[PDB]
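A.B. asks: Each chain, written out:
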Amino acid sequence: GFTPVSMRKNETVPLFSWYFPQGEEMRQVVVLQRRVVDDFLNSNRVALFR
Amino acid sequence: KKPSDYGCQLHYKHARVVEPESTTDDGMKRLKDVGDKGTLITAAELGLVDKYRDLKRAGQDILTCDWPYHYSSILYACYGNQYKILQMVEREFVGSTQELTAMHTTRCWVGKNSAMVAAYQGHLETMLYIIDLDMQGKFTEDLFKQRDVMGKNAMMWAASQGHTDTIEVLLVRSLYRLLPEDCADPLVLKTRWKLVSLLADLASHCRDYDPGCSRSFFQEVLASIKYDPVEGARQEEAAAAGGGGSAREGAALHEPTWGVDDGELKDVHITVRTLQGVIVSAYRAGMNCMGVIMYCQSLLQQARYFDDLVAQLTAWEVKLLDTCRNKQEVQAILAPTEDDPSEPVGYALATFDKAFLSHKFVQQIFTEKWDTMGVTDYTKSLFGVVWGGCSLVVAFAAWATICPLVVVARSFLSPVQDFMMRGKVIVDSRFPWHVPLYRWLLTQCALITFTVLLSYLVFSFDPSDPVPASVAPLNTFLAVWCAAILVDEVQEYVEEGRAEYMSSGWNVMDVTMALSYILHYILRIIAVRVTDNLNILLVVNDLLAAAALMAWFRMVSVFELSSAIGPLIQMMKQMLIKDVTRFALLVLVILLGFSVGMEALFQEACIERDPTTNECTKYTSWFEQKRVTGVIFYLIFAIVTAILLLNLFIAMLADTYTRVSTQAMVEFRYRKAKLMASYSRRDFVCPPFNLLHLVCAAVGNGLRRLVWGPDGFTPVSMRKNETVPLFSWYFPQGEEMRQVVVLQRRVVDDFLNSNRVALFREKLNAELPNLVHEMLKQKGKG
Amino acid sequence: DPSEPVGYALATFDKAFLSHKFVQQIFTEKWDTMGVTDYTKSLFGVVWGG
Ligand SMILES: CCCCCCCCCCCCCCCC(=O)OC[C@@H](COP(=O)(O)O[C@@H]1[C@H](O)[C@H](O)[C@@H](OP(=O)(O)O)[C@H](OP(=O)(O)O)[C@H]1O)OC(=O)CCCCCCCCCCCCCCC
Ligand SMILES: CCCCCCCC(=O)OC[C@H](COP(=O)(O)O[C@@H]1[C@H](O)[C@H](O)[C@@H](OP(=O)(O)O)[C@H](OP(=O)(O)O)[C@H]1O)OC(=O)CCCCCCC
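Line by line, the protein sequences give chains H, X and B.
Per the authors' numbering, residue 802 is the first one in the first sequence, and the count goes up by one each step.
Numbers 17 to 280, 327 to 684, 713 to 872, taken from the authors' numbering, label the letters of the second sequence in order.
Per the authors' numbering, residue 402 is the first one in the third sequence, and the count goes up by one each step.
In short, the hints are calculated from the structure, not lab data.
Any given hint could be a false lead.
To be verified - Label pairs and their computed distance ranges (CB to CB):
1. X:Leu738 <-> H:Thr813: 39 to 49 Å
2. X:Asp66 <-> B:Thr438: 36 to 46 Å
3. X:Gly655 <-> B:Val437: 22 to 32 Å
To be verified - In silico DSS-like pairs for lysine-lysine, Cα to Cα no more than 25 Å straight-line:
4. X:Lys29 <-> B:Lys442
5. B:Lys431 <-> X:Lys48
6. X:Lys45 <-> B:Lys442
7. X:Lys416 <-> B:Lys442
8. X:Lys640 <-> X:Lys764
9. B:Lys442 <-> B:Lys422
Quick reminder that beta carbons are idealized off the backbone N, C-alpha and C, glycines included.
Kindly generate the complete structure, drawing on both the sequences and the hints.
C.D. replies: Structure, rendered in structure tokens:
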């Protein structure tokens, strides 16, 4: 393995290091996402009421 | 059937391998890279609280450093936002808060400190920790005004790098330190509490380093303000119950918020209602209200991502200055009293304020003081241009025999210096040395004189003339002149500084035509009897050509005060600042690209040789279809270049159009305000005659100190008289001070009311169907 | 959910998303975490960076 791969623009890298978060960082993202999206979905539900 | 349509289009493409134990917190994502060598500089970068403690409790140091970059152990802790160990050290392993400072302000190799290395990376959870320590007063250093060795500071790093989440935090603590610490006022204590809870509810996810009891971040700071947020919630409901008992027509920060519905704390960002909770409250603490609006605008213009708030604070600065109705009220909101010695005029000059100095009431306080006789307005009549022009030629003849004598006499005669001090008053035409327009006219009449004598020198140059053509009387008088111009620029480089010096555009041309002719005067002498060659002779004729242009480009300076030619000096200056240095770097690429291609076409070849190198066919300058193939590339290269320059000339016609059309009187009137304020703080001397007293003041000041001693009113060699203020109405002393206070309360309490109404109207526009729905919801409940 | 939205936006050329303050901030802390792009606005930066 670990051959110098014959391509530029490497594929065996997610672009950022904060991608797929295994462990108890998944449980803290999923809480922190649901805080953000639930506070977004009821500022549309206010602005569609006006 | 197993993939969806969303799945083919949006999921992660490739197949990865799950790492066994890979964290994604800020430290400990970097264990494979930094290492785990156990050295307190790795234990802080990684965030190992236990290995920082045990390596210190038994061991090493606290402030060792790397070689190339001089980062401490502390400076890795906030490089990777490990506030857990910075808080460990501050709670234990430090005492004597001068040791807490010097551990944070240590330095780096570029010049960072602990709050600049946590600022050029967006590290909220740590930038909220150093900001926590200032409000508690742990630092005796104010570790946010320090500069690295690039000019930057804590907030110029987070603004250039673009960390908007941190710029908001660095700006709330700067809106907080404005409002005074110890003040008994139930409404500066509201807006100090509304801003520290803006930070405390913004960290609020920043547990301590241990169990503890949550400490959240700002417990010791919100508990030092003494504001009950529910008792003060009804101080305003009862004061704004019948029109206003805060004396500002309401409680002055109180509106509806009737209540909005959903159907079918949370103000975290800095709103406009946040910035007028500061301007109202800073005015109710004693401060200048124009000063806070200029100060809050200078904050948000180095924040760089706040352009809906700079547009509002520039609109309130011009709205305050139109509430002012006569000159008596304009100079009563701008005057520094004895209580708050804060001028907002001289601070608008120092930060290059266009929208303030262009205003019609601010152009009036300058021209009242700079003209005071009306002799500008004598050039709009039939019988005034004739008589006004005659007084120039007579007085400039009079400013040729008494000006070098009074310059010498003020050195050695004490009666004549007290005669030359009969100004600093209502100053009029009796003593024309002290009215600031006339000192501008003797500057320009000594400047048209310089380019006539210089252009007479290049015309009345006789070539068949011996070596006294070098040292002539006229050739060496112009060299003494340009000697004394260079000494006058070093005076106004040290006095008025560097940001002011390189903000005029004529101070460069005063040096460069003086430095060229004084180098022309030397190299002509050397090339006429020492070394007589045409290599350096053609440099001598090249400096005098360069020094004769910059004489005549300097003579468009008389038109700076004229309307209709004044804005052509400014739309030509701004064109050479903004536009030319980005279009000349592309014309240089296009023309060098076109020039190498023409050499590559018009390139000779050799077809005639049987043995070795008989002949070569000649091609022009730089059958057989042979001259046609190259000329169809000569036509493609010339067309696609000339179209490419014309595309770039439309880009310059349309950049200068947008500045001419919008902002031409603003640039013109800004320069008049910058020109009327230089000549206010200046004497009456000219470039040829300051050196005439810079030798006499080196003698005439000393002769009164060896035998007399404390003489007084000695001629200062420093220009820009710094004792006297800018205007004569600055500091009142008595009944003028009691009247100005009555006029500024009258003006700015009706500035601040008509912003409270005009903000609420935009709240009632966008939320109008919710007020009507609350009037019908009462049928629902009661 | 293995769905990345950053890689989909720069595949479909999404100029309103892809130039926000918060998206230009997550690219900058990988592209340039040191601020070398601002060693041009100073005399010390051009000499020592150059
Ligand atoms: C190739 C160049 C072509 C130029 C064409 C010149 C056409 C002349 C038209 C008539 C001239 C009238 C207008 C000139 C008035 C003038 O002030 O000159 C402009 C200045 C531009 O700089 P600035 O002073 O305004 O200095 C700025 C300014 O102070 C900003 O305000 C600052 O920003 P700030 O506001 O924040 O402080 C800038 O700092 P920053 O880096 O931050 O931007 C600072 O650099 O240009 C000139 O003086 C030169 C113009 C005439 C050239 C005369 C010298 C040429 C002599 C060579 C002859 C060749 C002979 C050799 C062979 C014999
Ligand atoms: C002979 C001059 C004697 C008096 C000196 C006068 C000193 C001086 O500043 O005039 C410059 C002169 C005339 O221009 P000038 O200054 O008078 O321009 C008017 C002047 O600015 C008024 O004050 C303006 O009204 P305001 O302020 O907005 O209310 C007016 O605008 P508007 O509202 O009317 O439309 C302007 O038109 O321009 C030259 O040709 C250069 C000769 C310089 C001479 C250099 C030495 C030879």
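A.B. asks: A separate judgement is required for each hint: does it hold in the structure or not?
C.D. replies: Each hint, compared with the structure:
no., hint, verdict
1, X:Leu738 <-> H:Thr813: 39 to 49 Å, "holds (45 Å)"
2, X:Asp66 <-> B:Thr438: 36 to 46 Å, "holds (38 Å)"
3, X:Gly655 <-> B:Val437: 22 to 32 Å, "holds (29 Å)"
4, X:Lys29 <-> B:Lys442, "violated (41 Å)"
5, B:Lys431 <-> X:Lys48, "holds (17 Å)"
6, X:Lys45 <-> B:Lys442, "violated (33 Å)"
7, X:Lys416 <-> B:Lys442, "holds (23 Å)"
8, X:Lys640 <-> X:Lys764, "holds (20 Å)"
9, B:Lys442 <-> B:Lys422, "holds (22 Å)"
In summary, the structure is inconsistent with hints 4 and 6 from the numbered list given earlier, while agreeing with the others.
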